[PDB]
Amino acid sequence: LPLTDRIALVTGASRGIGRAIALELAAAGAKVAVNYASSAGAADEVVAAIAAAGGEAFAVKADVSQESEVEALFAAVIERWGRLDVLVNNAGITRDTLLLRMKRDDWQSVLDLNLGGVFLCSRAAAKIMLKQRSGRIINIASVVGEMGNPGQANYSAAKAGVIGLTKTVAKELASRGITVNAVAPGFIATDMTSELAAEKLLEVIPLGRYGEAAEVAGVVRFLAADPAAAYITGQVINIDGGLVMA
Amino acid sequence: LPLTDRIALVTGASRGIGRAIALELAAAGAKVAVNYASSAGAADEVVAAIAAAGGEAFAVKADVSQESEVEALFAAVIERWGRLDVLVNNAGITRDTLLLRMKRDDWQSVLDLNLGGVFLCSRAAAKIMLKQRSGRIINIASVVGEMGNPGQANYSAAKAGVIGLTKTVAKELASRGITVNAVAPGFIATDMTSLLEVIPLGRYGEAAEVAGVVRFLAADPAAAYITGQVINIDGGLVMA
Ligand SMILES: NC(=O)c1ccc[n+]([C@@H]2O[C@H](COP(=O)([O-])OP(=O)(O)OC[C@H]3O[C@@H](n4cnc5c(N)ncnc54)[C@H](OP(=O)(O)O)[C@@H]3O)[C@@H](O)[C@H]2O)c1
Numbered sequence: 004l005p006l007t008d009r010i011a012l013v014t015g016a017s018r019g020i021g022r023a024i025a026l027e028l029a030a031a032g033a034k035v036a037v038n039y040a041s042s043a044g045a046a047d048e049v050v051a052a053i054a055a056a057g058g059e060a061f062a063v064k065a066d067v068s069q070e071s072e073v074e075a076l077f078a079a080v081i082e083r084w085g086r087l088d089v090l091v092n093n094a095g096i097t098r099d100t101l102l103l104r105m106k107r108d109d110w111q112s113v114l115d116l117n118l119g120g121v122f123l124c125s126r127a128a129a130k131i132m133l134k135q136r137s138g139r140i141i142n143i144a145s146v147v148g149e150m151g152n153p154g155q156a157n158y159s160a161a162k163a164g165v166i167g168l169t170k171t172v173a174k175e176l177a178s179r180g181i182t183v184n185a186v187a188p189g190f191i192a193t194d195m196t197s198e199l200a201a202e203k204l205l206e207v208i209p210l211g212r213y214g215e216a217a218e219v220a221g222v223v224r225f226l227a228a229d230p231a232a233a234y235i236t237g238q239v240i241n242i243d244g245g246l247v248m249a
Numbered sequence: 004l005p006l007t008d009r010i011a012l013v014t015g016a017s018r019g020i021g022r023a024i025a026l027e028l029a030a031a032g033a034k035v036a037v038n039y040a041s042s043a044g045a046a047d048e049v050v051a052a053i054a055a056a057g058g059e060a061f062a063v064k065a066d067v068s069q070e071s072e073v074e075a076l077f078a079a080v081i082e083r084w085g086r087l088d089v090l091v092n093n094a095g096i097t098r099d100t101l102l103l104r105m106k107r108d109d110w111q112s113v114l115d116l117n118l119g120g121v122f123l124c125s126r127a128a129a130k131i132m133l134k135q136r137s138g139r140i141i142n143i144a145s146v147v148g149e150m151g152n153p154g155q156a157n158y159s160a161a162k163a164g165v166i167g168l169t170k171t172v173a174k175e176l177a178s179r180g181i182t183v184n185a186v187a188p189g190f191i192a193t194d195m196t197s204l205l206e207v208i209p210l211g212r213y214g215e216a217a218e219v220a221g222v223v224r225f226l227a228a229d230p231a232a233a234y235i236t237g238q239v240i241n242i243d244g245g246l247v248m249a
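Chains as they are written, first to last, in PDB author numbering: chain A, 4 to 249; chain B, 4 to 197, 204 to 249.
Do not rely on the hints blindly, as some may be mistaken.
As the list claims (entries may be wrong) - Okay, derived cross-link-like pairs now, DSS-like style, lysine-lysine, Cα gap no bigger than 27 Å in a straight line: (1) 130(B) with 64(B); (2) 106(A) with 134(B); (3) 106(A) with 130(B); (4) 106(B) with 130(A); (5) 64(A) with 134(A); (6) 203(A) with 106(B); (7) 134(A) with 174(A); (8) 174(A) with 106(A); (9) 106(A) with 174(B); (10) 134(B) with 174(B).
In case anyone wonders, no lab produced these hints; they're calculated from the structure.
With the rest of the complex left out, here is chain A:
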């Protein structure tokens, strides 16, 4: 099992894509730290399901937009298990509104969490991973970042910023063999980034359906665990049903 004796930290893992990722990394042998901010009951469920299928997991509370909370988050993982092999930055929110009506706090809270959180957690991971001379970071971005989407100037700015950040961090950490990649989901059935745009655009998803959380989790597991993915870095993989090919 490719992640036996490895540690994964997944941010915003109480539900949807993040929950699915936590499960798939555990399935593949990792001990998973399941981070949440408010969904504690759901987060406990994720730990219980990992325990149930034979793995090890624990839930850690932390608001990933907050610099000292991120410090305590990583400190808790190293204290429990001594190392960090895989970080998946998945935590994010939407606060949809046309730009004209977009209030500054709807811009800021999306930027601070979706982009700032990736910065804070990538910084903390880099320290530990540079010391190990190994690691893989996977950031969940989103096709909205590549193509834009009415109502979502904050979300798309953030997810595009996550893609740029991904590439810079790939270049800084490459000399130690640390890989840094992004997975860009399209519209996923149960973790829908824009429920309103899915409807309008279902007609032009070439595969004719929404994606599943478990599918996004597989591309993530591949990037995190497959030896072939040791040579992939600074990339964005769309899993979007052919939504964005350009």
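Add chain B with the ligand to chain A, keeping to what the hints say.
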């Protein structure tokens, strides 16, 4: 002259690229509002040069990371000429450091200006251009936002974000015929820049060259059908 009787606001226009863009948009006929953050003299030097070319310009002090100052910036332009045809989001800064040692304040100051300022100014511009049913927004991004660059996790995440914002804003404003586009310079000779073997054309770009692409998007009738795009002006540095 394609910009006669049109009004342009250029943020960060006291020096370098922003200066060359303000000069160029003025030579194409526009009244230009010259935003600066603290260079009152350099700003007025640009205003002066526009006036000796026989143009109209005025300077406005505003830190475009600040909600309340951008609002003041845009009110002062509307109050003076009663319209806004072209916004060029140019102001930006760097705070280079490897990720390992990047301080939270150095992340946040680049993000607040280079990305937050683009949100604030494009929001003020959307309000006006929606009412006009015309306008052009041009954002100065950077090829470093497309390919990443060690030392610049903050600047590249901010410039990549400008590119994503550009696309969403383009889609929101398209139905009234407003174009929204980005121009991504590579390495240009400026204060921000004061080996080379990776630029196929074998030289840095000149600030005037960036200014020509901006003017083209801002003024040329063919650019009415260009929106949601990023044009690299980078000597071949990044071919994508
Ligand atoms: N190779 C390059 O130079 C390169 C490559 C790609 C993209 N770009 C982008 O091009 C744009 C212009 O860069 P440049 O090289 O011309 O810059 P550079 O000469 O430093 O000039 C910066 C300008 O923006 C202003 N500014 C700084 N902080 C501001 C704030 N908070 N609010 C409003 N204005 C502020 C400065 O005004 P003051 O004089 O009052 O401080 C000055 O006018 C930036 O977005 C930059 O990131 C440059």
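Please flag the earlier hints that this structure goes against, numbers listed from lowest up.
-> 6, 8
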